[PDB]
Amino acid sequence: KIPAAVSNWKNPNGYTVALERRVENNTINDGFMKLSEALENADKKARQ
Amino acid sequence: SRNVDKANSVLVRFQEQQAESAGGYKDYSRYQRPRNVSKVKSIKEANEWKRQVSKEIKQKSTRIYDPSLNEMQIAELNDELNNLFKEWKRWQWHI
Amino acid sequence: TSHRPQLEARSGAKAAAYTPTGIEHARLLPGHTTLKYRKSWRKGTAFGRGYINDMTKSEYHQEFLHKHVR
Amino acid sequence: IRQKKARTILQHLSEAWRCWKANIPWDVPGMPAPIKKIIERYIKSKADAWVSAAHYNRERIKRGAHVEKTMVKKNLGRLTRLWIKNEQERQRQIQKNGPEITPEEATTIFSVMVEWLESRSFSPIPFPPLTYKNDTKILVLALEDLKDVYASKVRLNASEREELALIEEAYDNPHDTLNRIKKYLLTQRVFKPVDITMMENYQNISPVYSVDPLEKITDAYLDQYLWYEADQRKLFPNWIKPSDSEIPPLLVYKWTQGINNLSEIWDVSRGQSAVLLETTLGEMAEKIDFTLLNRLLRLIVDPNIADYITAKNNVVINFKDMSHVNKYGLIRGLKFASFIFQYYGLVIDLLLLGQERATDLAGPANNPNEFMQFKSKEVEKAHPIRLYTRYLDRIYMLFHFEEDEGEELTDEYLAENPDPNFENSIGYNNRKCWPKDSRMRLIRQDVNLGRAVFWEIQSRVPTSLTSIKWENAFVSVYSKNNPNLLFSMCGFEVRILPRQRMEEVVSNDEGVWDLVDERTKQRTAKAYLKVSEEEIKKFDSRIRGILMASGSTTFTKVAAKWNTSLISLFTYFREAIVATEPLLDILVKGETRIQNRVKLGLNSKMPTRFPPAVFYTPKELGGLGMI
Amino acid sequence: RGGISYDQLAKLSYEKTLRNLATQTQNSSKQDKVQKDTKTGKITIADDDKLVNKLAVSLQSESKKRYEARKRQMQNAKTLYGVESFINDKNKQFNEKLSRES
Amino acid sequence: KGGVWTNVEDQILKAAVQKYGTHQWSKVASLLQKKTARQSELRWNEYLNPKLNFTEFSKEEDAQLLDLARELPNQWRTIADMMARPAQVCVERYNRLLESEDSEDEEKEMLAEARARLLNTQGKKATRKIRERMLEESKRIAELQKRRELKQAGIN
Amino acid sequence: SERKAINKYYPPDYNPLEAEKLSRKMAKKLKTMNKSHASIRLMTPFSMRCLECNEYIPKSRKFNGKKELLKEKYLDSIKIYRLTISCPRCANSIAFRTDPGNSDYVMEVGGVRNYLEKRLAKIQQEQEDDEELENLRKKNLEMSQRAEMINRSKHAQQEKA
RNA sequence: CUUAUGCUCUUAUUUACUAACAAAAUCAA
Ligand SMILES: [Zn+2]
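Chains as they are written, first to last, in the authors' numbering: chain P, 164 to 186, 193 to 217; chain H, 2 to 96; chain S, 3 to 41, 126 to 135, 155 to 175; chain A, 774 to 1400; chain I, 92 to 123, 142 to 211; chain c, 9 to 111, 145 to 197; chain F, 2 to 116, 166 to 211.
Source of the hints: derived by calculation from the structure; they are not laboratory data. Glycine included, each C-beta is placed from N, C-alpha and C at the ideal position. Any given hint could turn out to be false.
Unchecked claim - Straight-line Cα separation of at most 20 Å, SDA-like style, residue types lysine to any residue; simulated pairs:
(1) A:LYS810 - P:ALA167
(2) c:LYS59 - P:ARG185
(3) A:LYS1242 - A:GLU1276
(4) P:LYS173 - A:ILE816
(5) A:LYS1150 - A:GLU1181
(6) S:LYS172 - A:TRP856
(7) c:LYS165 - F:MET44
(8) c:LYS67 - F:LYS5
(9) A:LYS1372 - A:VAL1387
(10) A:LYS1299 - A:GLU1276
(11) H:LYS7 - F:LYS5
(12) I:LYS206 - P:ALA207
(13) A:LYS809 - P:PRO166
(14) I:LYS206 - P:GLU193
(15) I:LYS206 - I:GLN184
What the hints assert, rightly or not - Residues from chain A that keep clear of chain S, each with C-beta distances beyond 12 Å, as calculated:
(16) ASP949
(17) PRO1157
(18) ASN1197
Turn these sequences into a full structure, and let the hints steer you where they fit.
Okay, structure coming up:
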């Protein structure tokens, strides 16, 4: 069975179709973690 | 510019004026009533005028029975059918 | 409406029963009328010392958009 | 399955192609997996034709080989989808695989800049207080810079009419609009999206960013404030260009003087040699990392504004359908994007030069140097980097080696990667505009010393910051086998002979600079000028932009566009046209296309009907006034 | 579960017409050839005038029942749902189709 | 001149996206007087989208947020995609979470114009075909009753 | 034949000036000359509402309509026109007027429209704004310290773990 | 039925309508 086609771009007959029919799952890796921690450890060393 | 402009220029008028003087053109589909009937001319001339009046009768008569839904307009349409009727008779007296 | 996709193509069955015209085209003029038959200053610094089936992920496509955008 | 069910399934094909062009993932819930397999097979099939026609037609537009006026607008519309689709994919590869800078690199990058500013004793720029003595004048210069867009044009749209009203509200209430800007620097961290568009230049496609007008005023005030307070506190040293004190042809002139004025470069009595390096910095602003960028700016800027700058770069970029968040790269379209782009370049300038030599070039903190000056000659003689300067993303390094320093430098390159077949002169690129006598002679000693110079410099900057490549590199060695020193500054193509390396000293025309020593006051070198081939094609593309935009424009607007583009060519490159033979052919073919546009306005191209009096008499007498 | 294939549904509708034909013979009980031509190859079958009328009236009556059952189903279909905004009947009809897909 | 959003214009915009779709924003602004297609797109993508996340803060969310704003300092469009939330709400709570450490007259006419434009779907060509078909049947009805009235007089 | 034609063939016996007399006399008797209501393609700049079939002429829809020179003459001498437009659903003509003094149109039959003490005070507002800016700058530094206090506590929670 | 059209010349000044085609307008004071 094929679902019917509701498009965001075209509406030839001008149908009023509900908003859910008209319109990620990952996390950051540890590289963004170790970058920001090293910049703070470089910064705290620079302040001392 | 619409062909209303292109039909009324000097050259198109000029050859009709020759065809009046060289033959049996003129048409009559061009001109007006003319306002008076007692000032009109020979019958063979007037028959084509009279024939023209029948043709606006047939346009108006076909227009009367439509569902245009305008009571005022069909009152107006009955008035032109009545005046063209009285007009059709005055050419018959002239005939 | 008035702007439609084809449900079927125009068949050659319809043009077969028509009567021909015999108009003379420039590309049906005689040509090729004969067939051929076969027989110490480096210390002070901070720090010194293949084909993919995707047109968009290709290496030539990356070299394209780096040169033609700039 | 009937004519009804075949009719509905073909609409998923159209919807998939629109999602592909929008770079939106096409996923229909409940779609049968064999049928989703068929549609993706053909969307990729249509995409291969769609992209390859965009490459094929792009190569036709650069050659000028009969592209339709509609197809130039279509090819512009195809590449801007391909550029963002390549941009959005590059955003996801940073998001999946982390930042390209490692924590070992960014610790050292941060440590270099702290070491520099501590030696400069740089006081950081504060947040602008309300009792700030220069505050009303910095605000006016910002608004006048925003207003100069609209003194030219006649018509304004609803966005532009909003933009002029916000300036007039700021002229009338100068104290009220400062309190709106000072509040947005302290509080506002989420910004309206940026609409991107792309400009056709027939050789490349340049990007243009459109910032919201109410956010544009607080950017323009910030950009006036940051550039004013940087120069009062002397942030940027002398080598960073554009200089605010010299025009780009004067930057060529001083640099060509300042080479010759430095001692003993031309002297090649011993085995000593001189090396000039030119590299673009690749995708420099494209590789700026915001977390690194926010930490670097806290050294020089009060962290409220350093937080204003980092948040403003993280906005939504909108084309028509296409929309993505700029996670990684710098937006150059911002007003204060110049202050970021040169400050991030100052970090790269310290990685190449080092802390010791960049102190020698920029001089001490209390009494800095001029652009190419040293405090004494002994400071200059140490450390073979003689002159450094940096345009936007283009660096210029002058190395003067001895014979012994040159042999050590070129040995350790050949130790790492030698060539038995002597193939280093193959990929070595030099200037194909000069004659073969005049360009760099491919001597095996100088070529291997040329690549060894670049190999030292490429290793000093990590590949996570900039992509410094040999293909973008131009190195010209001056030696006893090479009498010529060749470089290319801001569109100007320069060849240098000394006075003594010439066979005979012949008198020259306007295209030749006479380079004077400071103390002898004697002309000891000649600089031979040409227009770059990249600038010749840039001017040829402007003439096409006059013609392809003017469909049914009047004759005198075509003549006025020709005059303002011909003056912009000749008043910048003044004396450099004379030595350039390809440019004189473009001027001839370019001016006659303008005249043919008038002749296509009439239905006659006949030469007798159009004497020179029709085109060249002034507008006061009824002519077009073509120059 | 599933739908019914066109071989089974042809069989089931065949059996319903046999049962209905059986009760017509039962009700007719309670209330109380082939010649081929020589000249041509055409064949002639003698029929009673009854059972041809009875077949024709039954086919008409079944068409009436299915027409009015669908017509009454039309009436219920445009009187039940009124939650979502629409523009015409064909809108609500298409958005019933999307509700059937869920 | 930069206006605030009434709940009337809020409902017109929701019904506009329900018909026109999310990419036709100049279609939406045509219904919506005094508002820009940029402003219409900005509101639906920051406020009115029912996919958005306007709710309470679990302690997982607060620990995640203070994690992200520490690891990605001041990158709110990035953080709002990691939190799958709107962005200024994410700033609003980060502003609040740190404060834990403390020491019809016109509108209905627009709405009547919007109510009719959403419910008229045809264009020039279909409305004209309707007009020509009604006028053709009206000419037909006229000519037939002509023939009947002449048949009343006996003349065929 | 051609959009631009240099020569139009005249009859071999013709003249321009004698024709001008002749042509003028013809110009009194035609049906096209006596009726001069100008037919013009136009767009309505002021959404409509029909009064018979209550149709709405969207915003600015094309019409072939009829312009009429009005017998009125705005002020001592300014021209004023009356434009008429037929309705798509029903046969009904709706009329305009063009007011030259008030640039917008006005309409009629068949249609309806959709709708030192002051200087001391200035120093006071100057003083109020600086204190607000000092507070907001103080807020952001406090907001960082409030973030650090959670950051130091979470680090202490890591140490305890 | 009631029922004046047509024919012969002059008086002060250059202005209206079709737009499918073109729409960076730039720029020297
Ligand atoms: Zn109407």
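Say whether it holds or is violated: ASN1197 (chain A) keeps its Cβ farther than 12 Å from all Cβ of chain S. Non-interface label stands for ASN1197 (chain A): nearest chain S Cβ at 20 Å, farther than 12 Å.
Holds or violated: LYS67 (chain c) with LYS5 (chain F), Cα cutoff 20 Å? violated, 82 Å
Checking a non-interface call: every C-beta of chain S should be farther than 12 Å from the C-beta of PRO1157 (chain A). Is that right? At about 6 Å from chain S, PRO1157 (chain A) fails to clear the 12 Å cut-off, so the statement is violated.
Within 20 Å, alpha carbon to alpha carbon, are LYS206 (chain I) and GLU193 (chain P)? violated, 29 Å
Between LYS173 (chain P) and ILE816 (chain A), does the CA-CA distance stay at or below 20 Å? Holds, at roughly 18 Å.
Has the given pair, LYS810 (chain A) with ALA167 (chain P), been kept, meaning a C-alpha gap of at most 20 Å? holds, 17 Å
Sort out whether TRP856 (chain A) lies within 20 Å of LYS172 (chain S), counting only the CA atoms. With a Cα-Cα distance of about 11 Å, the restraint between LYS172 (chain S) and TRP856 (chain A) holds, given a limit of 20 Å.
Beyond 12 Å on every Cβ pair: is that true for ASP949 (chain A) relative to chain S? holds, 41 Å
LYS1299 (chain A) paired with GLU1276 (chain A) [C-alpha distance capped at 20 Å]: holds, 13 Å
Within a Cα-Cα threshold of 20 Å, do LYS1242 (chain A) and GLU1276 (chain A) meet the stated pairing? violated, 36 Å
Restraint status (C-alpha distance of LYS1372 (chain A) to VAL1387 (chain A) at most 20 Å): Within the cut-off at roughly 11 Å; holds.
Given the hint that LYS206 (chain I) pairs with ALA207 (chain P), test it: the Cα-Cα distance must not exceed 20 Å. violated, 57 Å
In summary, the structure is inconsistent with hints 3, 5, 8, 12, 14, 17 from the numbered list given earlier, while agreeing with the others.
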